[PDB]
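Student: One-letter residues, chain by chain:
Number of protein chains: 2
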Amino acid sequence: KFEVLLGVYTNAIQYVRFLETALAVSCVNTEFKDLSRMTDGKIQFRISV
Amino acid sequence: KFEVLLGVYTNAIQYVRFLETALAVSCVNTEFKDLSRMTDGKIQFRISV
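Residue numbers (the deposited numbering), protein chains in the order written: chain V, 51 to 99; chain k, 51 to 99.
Don't take each hint at face value.
Identical copies go unnamed one by one, so any copy, or any two together, can satisfy a pair.
Cut-off 25 Å, straight-line C-alpha distance, at most; resulting in silico cross-link-like pairs (SDA-like, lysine to any residue) [stated by the list, open to error]: (1) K83 / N61; (2) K51 / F68; (3) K92 / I63; (4) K83 / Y65.
Hints are computed from structural coordinates only; laboratory data are not their basis.
Bound conformation, chain V alone:
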């Protein structure tokens, strides 16, 4: 008279990146190895009217 072990099932976490979803269209992305070295950034537009 046995008690059968019918199944051990482990869900698989699928890996998801940033460039593999459709939120990546809204922004362009650049690898920047030393970001904590950078303290602040700036862009400067020259608008001639």
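Given the coordinates of chain V, assemble chain k onto it according to the supplied hints.
Tutor: Then chain k, alone, in the frame of chain V:
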């Protein structure tokens, strides 16, 4: 002067197999020859959140 016997036909009860109905899509089957020798069974799931 007579009385007639106008045929005899009996109903043929069709054999309704499990694998010919739609309720076999709701489940999946395994032929276990010896379920009398089973006291209990279990499935343990591992959910990785």
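Student: State the violated hints by number, sorted upward, taking the hints as numbered earlier in the document.
Tutor: 1 and 2
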